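Number of protein chains: 2
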Amino acid sequence: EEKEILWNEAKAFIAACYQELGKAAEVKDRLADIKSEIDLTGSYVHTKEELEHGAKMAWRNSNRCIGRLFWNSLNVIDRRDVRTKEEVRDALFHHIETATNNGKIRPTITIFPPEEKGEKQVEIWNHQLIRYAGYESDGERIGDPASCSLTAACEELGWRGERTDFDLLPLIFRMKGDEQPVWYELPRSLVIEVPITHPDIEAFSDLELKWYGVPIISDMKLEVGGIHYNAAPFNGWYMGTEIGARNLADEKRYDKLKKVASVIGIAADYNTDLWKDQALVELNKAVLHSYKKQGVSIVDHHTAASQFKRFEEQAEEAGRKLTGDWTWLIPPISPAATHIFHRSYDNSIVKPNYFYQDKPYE
Amino acid sequence: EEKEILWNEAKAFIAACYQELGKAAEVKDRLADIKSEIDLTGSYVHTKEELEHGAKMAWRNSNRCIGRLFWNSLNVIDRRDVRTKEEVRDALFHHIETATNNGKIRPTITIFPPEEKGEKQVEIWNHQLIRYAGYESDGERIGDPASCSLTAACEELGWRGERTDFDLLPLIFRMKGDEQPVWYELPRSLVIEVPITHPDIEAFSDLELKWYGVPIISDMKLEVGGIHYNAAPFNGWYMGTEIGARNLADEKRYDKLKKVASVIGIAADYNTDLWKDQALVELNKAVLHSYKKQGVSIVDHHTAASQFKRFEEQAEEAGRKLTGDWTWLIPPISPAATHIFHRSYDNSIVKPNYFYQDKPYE
Ligand code: HEM
Ligand code: HEM
Ligand SMILES: Cc1cc(N)nc(COc2cccc(OCC3CCNCC3)c2)c1
Ligand SMILES: Cc1cc(N)nc(COc2cccc(OCC3CCNCC3)c2)c1
Ligand SMILES: C[C@H](O)[C@H](O)[C@H]1CNc2nc(N)[nH]c(=O)c2N1
Ligand SMILES: C[C@H](O)[C@H](O)[C@H]1CNc2nc(N)[nH]c(=O)c2N1
Ligand SMILES: [Cl-]
Ligand SMILES: [Cl-]
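Chains as they are written, first to last, in the authors' numbering: chain A, 2 to 363; chain A', 2 to 363. A prime marks a further copy of an entry chain.
You may find that some hints are simply not true.
[Stated by the list, open to error] BS3-like mimics (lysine-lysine), calculated; alpha carbons at most 27 Å apart, straight line: (1) A':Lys293 to A:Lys253; (2) A:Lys222 to A:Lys360; (3) A:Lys293 to A:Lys310; (4) A':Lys260 to A:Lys310; (5) A':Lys49 to A':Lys260; (6) A':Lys4 to A':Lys24; (7) A:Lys121 to A:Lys177; (8) A:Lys310 to A':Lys253; (9) A:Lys259 to A':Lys310; (10) A':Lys257 to A:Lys310; (11) A:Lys310 to A':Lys259; (12) A':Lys310 to A:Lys257; (13) A':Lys294 to A':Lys177; (14) A':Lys293 to A:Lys259; (15) A':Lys118 to A':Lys177; (16) A:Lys293 to A':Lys259; (17) A':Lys310 to A:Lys260; (18) A':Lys49 to A':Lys322.
[Stated by the list, open to error] Taking CB as the label site, the calculated pair distances span: (19) A':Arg344 to A:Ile350: 18 to 24 Å; (20) A':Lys322 to A:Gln181: 42 to 48 Å; (21) A:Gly140 to A':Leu22: 44 to 50 Å.
[To be verified] Partial list, derived from the structure: chain A' residues whose beta carbon lies under 8 Å from chain A: (22) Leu289; (23) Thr304; (24) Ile334.
For the record, the hints were derived by calculation from the structure and aren't laboratory data. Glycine included, every Cβ here is placed at the ideal spot set by N, Cα and C.
Work out the full structure: start from the sequences and follow the hints.
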């Protein structure tokens, strides 16, 4: 049955991929080649063209992503050749470097060898290649609470964090055959961080807030034509709200809204004063201002929504069905000021796509 | 089949209603009475107790309502006895008066005779008993655009609006047997309006904004035990965002955000300045402040969310399944600052409930 799934998915993908690439006539021969290869080896190997476009199609089908307009300009790095943890580490290091691009962020995906028969060749433990550690012990909470479990797992493996609020987690991944994952400290020269300041309010720097430049999802599975790339880290640039309205605002994250209200000089006593709402706006203005001042790529949620509208138009123009998750597409601040809020979306799963997978820790 | 639907719904409602009222033992006899009455007349008549609790159950099942905590304190006015348009008008006038309660708004529903065999006894054309007219002609737009079609329909019937931005629409409803609906101008002494001022910014009054005190939905069908009350106007108090973030903010409504940005002294040039977001906050602070200053009941979205959390707890406590529409429950500003955003809801339709129905105009 597993083979049948692979072949069925392969047929659907190769047809669709080759149609889009204008290689329609080559479908029959390519499928035959694949049909034998599956019959022989229990799997098949993508061409670079199929892989590159498959990763682009997968971004295009990401229902929760508001930034899908630029799906076709995705930078794909093919690292199916890696065999050693040294190679994995250097690929991950390289991904950070080239994607960061001195602030002018390049949407990039590095693709590692896929699962053979459910067996992972490489298993990345990081949720993001760049993320802050989190600590919770006897009342004392430090750093990013969302990283508490991974941090504890890393401290099992001989790593120790400095316990600032912004400890960079090391890269941690496990190779096929090894029982334990290895970990490597990130070179600080590879990680751009942005100090959060406010354009008008000088006291905002007293919060001593900062965030990393590049969000690189590293725990999701890329599925292309029945092939499971469990290790394929990808990145874009931040939408400001992700940092200002969530990472730094959520009670179960950095929980900074009360201190923001204090530095911007407003009371945090009454719900009717809408101080949380005011704090969210100024903090999100601070985030956008800070990234721009440092020359690190970022987009506000209004501009992002406009771009997503173009994506919707582009999709209809090309005769493709649009899919999307309304609950995720709406920004967490002023969503009714975007068009997204005022229309509906089909939340169907189309492949190729990126999927969740179980954590090896926890 | 229609009778079978009525009887099936009647069985489900009477059982459930009487369980909750602790009148469990009376279910059998009451159902027999109903079974004969349906067999005889093609319908059945609710007791005052069933009607009152049915309307309360219906509010409790309103998936899109964030204010369901106070479902059991709903003030039910039984006007199934009305036969004349004079009686309908005076009932509607009375509803406005008693619900307004000099600002201390009482959640109230006035229930008119139900459909007999799909035939409406009374047909209310108003979307809300109190709403502003809207005009669009050769480029010129005046008032509330959402009322454009109803306003045009009213001006067919001999009514004429003054064409201010806040013309009160007349009550307009049609009686069984009449081809045309009648219309009655609202007494201004019955309608509380709130001038919008800002607590800190004096120039906000230059916008000359205002809104009516009491939102009274009048075009929805209340369904109770198979009985269709197509005319049953209900009201609560406003959540501030409904006015500040939607009615006065939407481009297809009053579209006031640019003028708000001007009076609060910020530029409306760059998306990255988040001026819309800032304008939304100050305008919503203005709305809340204004209603409080006038002693007209209103609730901010944070407090409302807290109350809705209690409703969720109350529901689990009493062993009732919770249903809700996530897309409607989240407030249009700072939704991620509420618990609603961070959990999911089953959007199943439970009866009794309130439903949409076709407009007689349009
Ligand atoms: C170009 C800049 C990009 C922007 C501004 C953007 C924007 C967003 C945002 C705001 C989210 C929601 C994240 C959250 O709430 O946690 C998101 C989710 C997502 N984006 Fe993008 N994105 C970008 C690039 C990409 C790229 C390059 C890919 C992959 C090829 C991608 C795939 C996804 C996926 C899979 C999710 C869902 C993750 C999840 O389920 O939690 N995006 N995007
Ligand atoms: C007590 C004060 C109340 C508050 C603060 C409240 C809050 C809300 C809000 C904010 C909405 C969304 C409206 C919109 O976005 O257009 C809503 C919808 C709704 N509420 Fe309530 N509500 C209250 C009382 C009531 C009452 C008394 C009923 C009926 C018995 C009711 C039934 C509904 C229904 C049926 C809807 C959905 C209307 C639609 O589908 O568009 N609510 N409520
Ligand atoms: C590619 C990208 C761009 C962007 N602007 N922002 C992001 C952030 O995306 C996130 C941020 C946090 C969680 C998440 O979901 C992936 C995990 C998978 C395991 N379950 C929890 C969610 C995805 C990514
Ligand atoms: C009872 C109540 C309380 C409250 N705070 N706010 C409202 C406002 O509710 C609305 C406000 C606008 C539209 C609407 O929906 C009913 C119509 C039915 C016909 N289709 C369009 C929506 C419901 C009601
Ligand atoms: C398409 C989408 O369902 C629509 O814009 C909804 C979203 N959530 C909402 N929520 C409320 N309270 N009121 C609304 O009118 C809407 N509109
Ligand atoms: C329960 C609900 O789906 C959950 O809170 C979602 C809502 N929408 C979201 N949207 C984004 N972009 N990111 C999120 O983490 C969430 N969380
Ligand atoms: Cl993030
Ligand atoms: Cl309204």
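query: Hint numbers the structure violates, sorted upward?
result: Those not satisfied are hints 1, 5, 13.
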